[PDB]
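Enquirer: The primary structure of each chain is shown beneath.
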Amino acid sequence: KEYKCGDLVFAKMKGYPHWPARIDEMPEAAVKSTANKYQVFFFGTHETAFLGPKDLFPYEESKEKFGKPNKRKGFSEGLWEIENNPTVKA
Amino acid sequence: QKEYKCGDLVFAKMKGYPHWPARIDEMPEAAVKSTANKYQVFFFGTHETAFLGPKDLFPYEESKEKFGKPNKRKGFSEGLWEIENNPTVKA
DNA sequence: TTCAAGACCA
DNA sequence: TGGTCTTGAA
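If you read the sequences in order, they're chains A and B. Start counting the first sequence at 8; every next residue gets the next number (the deposited numbering). Start counting the second sequence at 7; every next residue gets the next number (the deposited numbering).
Mixed in with the good hints there might be a few duds.
Straight-line alpha carbon distances no greater than 35 Å define the calculated DSBU-like cross-link-like pairs of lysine-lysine that follow [stated by the list, open to error]:
id: 1; chain 1: B; residue 1: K39; chain 2: A; residue 2: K61
id: 2; chain 1: A; residue 1: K44; chain 2: B; residue 2: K61
id: 3; chain 1: B; residue 1: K8; chain 2: A; residue 2: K80
id: 4; chain 1: B; residue 1: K8; chain 2: A; residue 2: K96
id: 5; chain 1: A; residue 1: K75; chain 2: B; residue 2: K21
id: 6; chain 1: B; residue 1: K44; chain 2: B; residue 2: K72
id: 7; chain 1: A; residue 1: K75; chain 2: B; residue 2: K11
id: 8; chain 1: A; residue 1: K61; chain 2: B; residue 2: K44
id: 9; chain 1: A; residue 1: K11; chain 2: B; residue 2: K78
id: 10; chain 1: A; residue 1: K61; chain 2: A; residue 2: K39
id: 11; chain 1: A; residue 1: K72; chain 2: B; residue 2: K19
id: 12; chain 1: B; residue 1: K61; chain 2: A; residue 2: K39
id: 13; chain 1: B; residue 1: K8; chain 2: A; residue 2: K11
id: 14; chain 1: B; residue 1: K72; chain 2: A; residue 2: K11
id: 15; chain 1: A; residue 1: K39; chain 2: B; residue 2: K39
id: 16; chain 1: B; residue 1: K21; chain 2: A; residue 2: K72
id: 17; chain 1: A; residue 1: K11; chain 2: B; residue 2: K11
id: 18; chain 1: A; residue 1: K78; chain 2: B; residue 2: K8
id: 19; chain 1: B; residue 1: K39; chain 2: B; residue 2: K61
id: 20; chain 1: A; residue 1: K96; chain 2: A; residue 2: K8
id: 21; chain 1: A; residue 1: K8; chain 2: A; residue 2: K61
id: 22; chain 1: B; residue 1: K72; chain 2: A; residue 2: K21
id: 23; chain 1: B; residue 1: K72; chain 2: B; residue 2: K96
id: 24; chain 1: A; residue 1: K11; chain 2: B; residue 2: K70
id: 25; chain 1: B; residue 1: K75; chain 2: B; residue 2: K61
id: 26; chain 1: B; residue 1: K8; chain 2: A; residue 2: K75
id: 27; chain 1: A; residue 1: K44; chain 2: B; residue 2: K78
id: 28; chain 1: B; residue 1: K19; chain 2: A; residue 2: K44
id: 29; chain 1: A; residue 1: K96; chain 2: B; residue 2: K19
id: 30; chain 1: A; residue 1: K8; chain 2: A; residue 2: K39
id: 31; chain 1: B; residue 1: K70; chain 2: A; residue 2: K19
id: 32; chain 1: B; residue 1: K70; chain 2: A; residue 2: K8
id: 33; chain 1: A; residue 1: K44; chain 2: B; residue 2: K44
Since the hints were derived computationally from the structure, they do not count as laboratory data.
Model the full structure from these sequences, guided by the hints.
Expert: Laid out in C-alpha cells, this is it:
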C-alpha cells in the first residue's frame, strides 16, 4: 500500500511476468477530478455538492462566525438539523 | 484545513449562498474506484504505460531476487538494464 | 413591484 | 470598498 512518485517497482500486467517499472505522476486531469473533492450534504435543503477544503470550515469551531440567523430558504432549518438531527442522511 | 473525514460537520461555501451548515458524506463508489489506489506505472524496456493498484506492485530491491531473473519477452532484458543503469528514461 | 440585507465582481 | 444584482418578504 502507498507509493511515491519515482519508486522503482516490478509490475504485473495480465499475460506478462512481473515487470521492471517506475511510478509516475497520474494525469493532472485525473487528479484534479478527485484530489480534495469531498461530497457535501447540506442541512435544511438536503442537497449535495462536491467541494474542496477552501470552501469547508469546521462547525463548533465557527458557529459564532457563520451560525448567525439567515433568511435564505432552508438555513434556519439547517442550523436546527445540524444541532438536533445531524445524521439526517436523507 | 484539509483531510476531512466522513461525518464531519462543517459550514460549506457555495457561490451565491452564505457559509452553509453541512455534513461531509462519502463520494460515489464509482468516482472513488476510478482513482483510489491507482498509480500511473511506466514500464522499463517497452516504455508503455498503465494504471495499477498496489495488488500488482512489488518494490524493486525487496524483490529483484524473485522477479529479476532473465526472461525472453520483448524488452524485458533491456528493462532490467534500464531500471539499474538509467532509471530516469521517462521517454 | 416595491425595499433592505447580503452576495458578486472589479 | 463601491456599485449592482438577487433573494425574500412586505
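Enquirer: Confirm or reject each hint.
Expert: Results for each hint:
Our distance criterion of 35 Å between C-alpha atoms is met by B:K39 and A:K61, whose separation comes to about 24 Å. Restraint check for A:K44 and B:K61: satisfied, since their Cα atoms lie roughly 25 Å apart, inside the 35 Å limit. Restraint check for B:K8 and A:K80: the C-alpha separation of about 29 Å stays at or below 35 Å, so the hint holds. Note on B:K8 and A:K96: the hinted pairing holds, with a Cα-Cα distance of about 23 Å set against a maximum of 35 Å.
For the hint linking A:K75 to B:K21, the alpha-carbon distance of about 18 Å falls within 35 Å, and the restraint holds. The suggested pairing of B:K44 with B:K72 holds, with an alpha-carbon distance near 24 Å, which does not exceed 35 Å. Annotation: proposed proximity of A:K75 to B:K11 holds, straight-line Cα distance about 25 Å (limit 35 Å). In summary, the hint linking A:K61 to B:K44 is supported, as the alpha carbons are separated by about 25 Å, within the 35 Å threshold.
In summary, the hint linking A:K11 to B:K78 is supported, as the alpha carbons are separated by about 30 Å, within the 35 Å threshold. Proximity of A:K61 to A:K39 is assessed by CA-CA distance (about 14 Å); at most 35 Å being required, the pair is judged to hold. Straight-line distance between C-alpha atoms of A:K72 and B:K19 comes to about 13 Å, which keeps the hinted pair within the 35 Å bound. With a C-alpha separation of about 24 Å, the suggested pairing of B:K61 with A:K39 holds against the 35 Å cut-off.
This hinted pair checks out: B:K8 and A:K11 have alpha carbons roughly 20 Å apart, not beyond 35 Å. Distance check on the hinted pair: B:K72 and A:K11 sit about 22 Å apart at the alpha-carbon level, within 35 Å; holds. Only pairs whose Cα atoms come within 35 Å are accepted, and A:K39 paired with B:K39 is accepted, the gap being roughly 15 Å. Proposed proximity of B:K21 and A:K72 is supported: the alpha carbons are some 18 Å apart, at most 35 Å.
A distance of roughly 23 Å separates the Cα atoms of A:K11 and B:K11; the hinted pair therefore holds under the 35 Å criterion. Distance hint between A:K78 and B:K8 is fulfilled; the C-alpha atoms sit about 30 Å from each other, no more than 35 Å. As the CA atoms of B:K39 and B:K61 are separated by approximately 14 Å, the hinted pair is consistent with the 35 Å bound. Restraint check for A:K96 and A:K8: satisfied, since their Cα atoms lie roughly 31 Å apart, inside the 35 Å limit.
Only pairs whose Cα atoms come within 35 Å are accepted, and A:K8 paired with A:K61 is accepted, the gap being roughly 28 Å. Proximity of B:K72 to A:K21 is assessed by CA-CA distance (about 18 Å); at most 35 Å being required, the pair is judged to hold. At most 35 Å may separate the alpha-carbon atoms for a hinted pair to count; B:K72 and B:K96 meet this at roughly 25 Å. Between A:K11 and B:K70 the alpha-carbon distance is near 19 Å, which keeps this suggested pair within the 35 Å criterion.
Proposed proximity of B:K75 and B:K61 is supported: the alpha carbons are some 21 Å apart, at most 35 Å. Straight-line distance between C-alpha atoms of B:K8 and A:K75 comes to about 25 Å, which keeps the hinted pair within the 35 Å bound. For the suggested pair A:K44 and B:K78, the alpha carbons sit about 44 Å apart, so the restraint of at most 35 Å is broken. A distance of roughly 14 Å separates the Cα atoms of B:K19 and A:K44; the hinted pair therefore holds under the 35 Å criterion.
Under the criterion of a C-alpha separation no larger than 35 Å, the hint pairing A:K96 with B:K19 is consistent with the structure, at around 19 Å. At roughly 22 Å between alpha-carbon atoms, A:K8 and A:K39 fall within 35 Å of each other, so this suggested pair holds. Under the criterion of a C-alpha separation no larger than 35 Å, the hint pairing B:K70 with A:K19 is consistent with the structure, at around 14 Å. Simply put, B:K70 and A:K8 have alpha-carbon atoms about 19 Å apart, close enough for the 35 Å limit, and the pair holds.
As the CA atoms of A:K44 and B:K44 are separated by approximately 16 Å, the hinted pair is consistent with the 35 Å bound.
The structure does not agree with numbered hint 27 stated previously, though it agrees with all others.
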